[PDB]
Amino acid sequence: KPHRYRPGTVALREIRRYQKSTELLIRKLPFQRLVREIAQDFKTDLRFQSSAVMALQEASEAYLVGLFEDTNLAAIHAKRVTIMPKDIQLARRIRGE
Amino acid sequence: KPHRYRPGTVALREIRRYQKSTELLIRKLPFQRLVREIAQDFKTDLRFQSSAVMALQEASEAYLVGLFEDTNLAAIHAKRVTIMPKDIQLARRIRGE
Amino acid sequence: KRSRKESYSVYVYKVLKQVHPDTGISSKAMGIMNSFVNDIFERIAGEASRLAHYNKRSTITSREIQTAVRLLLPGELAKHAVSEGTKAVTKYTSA
Amino acid sequence: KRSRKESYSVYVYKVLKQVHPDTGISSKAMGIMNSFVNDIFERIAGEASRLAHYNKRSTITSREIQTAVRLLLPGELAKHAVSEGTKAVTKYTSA
Amino acid sequence: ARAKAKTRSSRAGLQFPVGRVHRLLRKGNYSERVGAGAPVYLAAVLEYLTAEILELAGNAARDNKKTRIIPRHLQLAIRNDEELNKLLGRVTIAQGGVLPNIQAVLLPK
Amino acid sequence: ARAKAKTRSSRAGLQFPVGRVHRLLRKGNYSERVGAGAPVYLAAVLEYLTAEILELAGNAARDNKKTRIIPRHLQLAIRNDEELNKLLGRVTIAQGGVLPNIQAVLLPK
Amino acid sequence: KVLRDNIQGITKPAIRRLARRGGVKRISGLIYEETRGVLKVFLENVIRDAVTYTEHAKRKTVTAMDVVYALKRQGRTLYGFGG
Amino acid sequence: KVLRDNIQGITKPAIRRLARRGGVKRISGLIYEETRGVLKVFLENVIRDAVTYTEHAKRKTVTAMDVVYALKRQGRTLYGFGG
DNA sequence: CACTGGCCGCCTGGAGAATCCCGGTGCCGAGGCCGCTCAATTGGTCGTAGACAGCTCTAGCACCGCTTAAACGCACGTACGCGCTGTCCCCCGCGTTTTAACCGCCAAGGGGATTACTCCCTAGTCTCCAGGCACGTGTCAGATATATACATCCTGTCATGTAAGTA
DNA sequence: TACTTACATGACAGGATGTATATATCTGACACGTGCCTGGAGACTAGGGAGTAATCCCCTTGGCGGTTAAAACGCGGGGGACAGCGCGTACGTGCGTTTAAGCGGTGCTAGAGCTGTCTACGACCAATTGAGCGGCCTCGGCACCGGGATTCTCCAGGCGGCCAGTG
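Residue numbers (the entry's author numbering), protein chains in the order written: chain K, 37 to 133; chain O, 37 to 133; chain N, 30 to 124; chain R, 30 to 124; chain M, 10 to 118; chain Q, 10 to 118; chain P, 20 to 102; chain L, 20 to 102.
In silico EDC-like pairs for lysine to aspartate or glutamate, Cα to Cα no more than 20 Å straight-line:
id, chain 1, residue 1, chain 2, residue 2
1, L, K31, K, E50
2, O, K115, O, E105
3, N, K57, M, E61
4, M, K75, M, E61
5, R, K108, P, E63
6, M, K95, L, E63
7, Q, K36, R, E35
8, P, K77, O, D77
9, Q, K95, R, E71
10, N, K116, N, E105
One side only, chain M facing chain N, incomplete, derived with CB under 8 Å:
id, residue
11, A21
12, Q24
13, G37
14, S40
15, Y50
16, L55
17, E64
18, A70
19, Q104
The following label-pair restraints were derived from C-beta to C-beta distances:
id, chain 1, residue 1, chain 2, residue 2, range
20, K, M120, Q, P109, 19 to 29 Å
21, Q, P109, P, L49, 28 to 38 Å
22, M, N110, K, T45, 42 to 52 Å
23, Q, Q112, R, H109, 27 to 37 Å
Simulated from the structure, these hints should not be mistaken for lab results.
For every residue, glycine included, the Cβ atom is placed at its ideal position computed from N, Cα and C.
Let the hints inform the model, and build the full structure from the sequences given.
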């Protein structure tokens, strides 16, 4: 049989590697094109420096990742290792939106 | 046989009663004693305006009822109804402190 | 007599008598209104100062203020606030 | 012909060399330091302005900014910054 | 021969002061110079918000068959309105209590 | 004819600017006036905070076996101090990632 | 003159009334001491700020105005005592 | 020029790597949709603020300056882009 | 196999109390009146910041051309959530007993607050000079790349507990 | 009944790969040197903010007597919590494919940004007045008080359905 790990050990390696990681997790080009897609809905012919796309990007993993530590707190509270949507809106509602 | 309400029915009546109600749920004079005690911990021979004690009273009740709403959400999250210290610590950890 | 402690008494009372001529006001509610006006004024003024600092502006006119409204007040309240504020500034320029 | 950009470059480099003579600094870390200094300066200045406003004081003093250090900076950072500030104003007054 | 002292709020057709808002802006130390449109605009937005919240407060007071408004009615008025709740998420009303909002799972069957 | 020019930071014995921070307070519109010891105190506080975080950054760089500080080292410096997290909990970092934090049930076995 | 135990002055049924305002139906037996502790923590955070305001004001008597200012500093602005 | 549906450009493995940075054990298949929705809402709020900043300055290019100002407005102030 | 009486789940009716609905009364809270004051307003004047035009130059838009990394999709597989139910236990409901909270009533003085005084201080401005910023480069820590060693994770294989046959 | 022996599951061993461990290379971003100027700074001045003496009064602090609801404690009990077993399930991960993002390249201009004009505009000050707040009084909406209904709640035993005995 070929080599294959038990479920979650590769997830352990992924978590450890990516907390050690500082490089970018999301793709650059579709993120900039998504910012453009959202922007044309609010004002047409709108342009962006690459640095502003970088700053929106850093804010995007900042907000999202922080929501995932809140999600892990919620998930371990419910004695589960698998996260569910209600963890996300629960954390958002306790956070105060 | 003397009449006896089932457990929780009086609890729901308490929820509806105090939720409709607007008055203070802490006796004002032991709260005044407590706040003078904690004030003396930081600065000696402190004196309190009665309105200041009432304002700290409303603020304390506000923080407690907000945290109790958060722990209600945490308890109904966890497939339970009894709030626990783990629910309270979940609320305090999610709220960012 | 004592010093005047400035408040929003008669203004809130007049806007009540416009919107509801018959209903009354309690003093606790009246303090709630005073703290409400103070808090909203502080938020709008702080965001206006922040916007003036960002653009290197020594001037706060209605344009920064409607900017701060579009920031702080969400959506429907913001566009309505633009509506009566626009009516007010047009009536002001027409005196 | 470009416009001069104001930053904290050589100052952070100096204190970094004082606390660690043999180390270097990256430009991204310098952006982090400029943002940090600007943000903490803005927090302290804003709370100092609010302290001056609450007590009807029209001036910013070392006493009220020491109050702001007690307010913003928690725990041992507060008292260490108090020691640093008192020592600094002491040898500034003696100079 | 000076003209009659007529008021800026009446020039705006408003009741909230251009004068007090302008003075609190100047002495609040928010900018060096302040345009004339800023305090009249701010009085307009404050008057609209005040009119809206006292509208909801009066409707809640007549709903509770009472004539004089109380902070219970104010707090009820605030969290029936979702965008006002977004505006005032971190704000506590004194003696306002909490609007009845019971999670359905703890309700009896 | 004139006294020799002496920097006020060196008068206070600081590296952080008395002059630049004083000017930025005067043009930042926080008050009309500022006391003389206030910018000295503020520069001393900023120098203390930067000295602490740069000391922790140098410690992290020595732990990382690197000579030059990276914002990863700065994030490691901040999040491994509790009171700076009490100061900078709500501030997000560029290229810093997350502190290594795997919870107790998250670890296997 | 000195006070040592008034944290028990926030009685357990009074905590029950507060939880009834929070919509809590069932409260565990270990909850009450924890609520006393976290209320102690919040009062510590508020009163250090308020006393710091007071000693800036060179006053010995704590005022409700400093209460409003300390509460609005923490993002917990309280209507009903300002002005 | 005109775009419709690029929110799928934040790929599912991008969300997986984001959650791996957040320390997530298991990500359900339902999760990616509301994560895209939350990212939609958050970026909508941020760029609404930023567009209001730029339109205040009468420009047509969104800069990182107004971005970090918009993040400072929301209480998510970001270090490292000239704020 | 049908009738029918009995038994058990369950389903309905009824009874008591808790707050609501309806009166009854007394009271001080706010709404309005009066008086005062201080602060908004008007005009003029003087300085000044941003809107507008113009230019330019630079990085963003637009288009072009290779390269497998990312993405994705299927498939095997293993672990993941959770419902039933039992089981154990812990806190609400209520009654009773204590006790200090609340009311309410009275003395006293600490300091919050106000007014005045007088002096410490601090922005402003002219001017002078000097250290950080723009600009240029050169150079070694790190990005990159290639060869080993253990971690570690999973998987096989004997060691051993254990159950059964039988002398 | 104990001794022996075969079987199934767990303790011990070992391989494979991926990430750590060691070392060579080049390169550009860090780091040092240079011109500059503009921004920090020294002195003087005009002026005005706040620290402090004095006081007063009032509002907070201290003390005393009673009621009874708030608090506290105990009995009882029902509801809650939660873990084991099982059951169905759904992503995790391995691996081949696509394609489209990523990496390097080129052209133009939108507009970002700097510079000159000037003007709309805002700020400040004496006078003046007029709306807006301090203080007081009144009555009636509302707080406090009292009695019956509807609703809420909870319990028994009436009702229906099912089952088993019997003819």
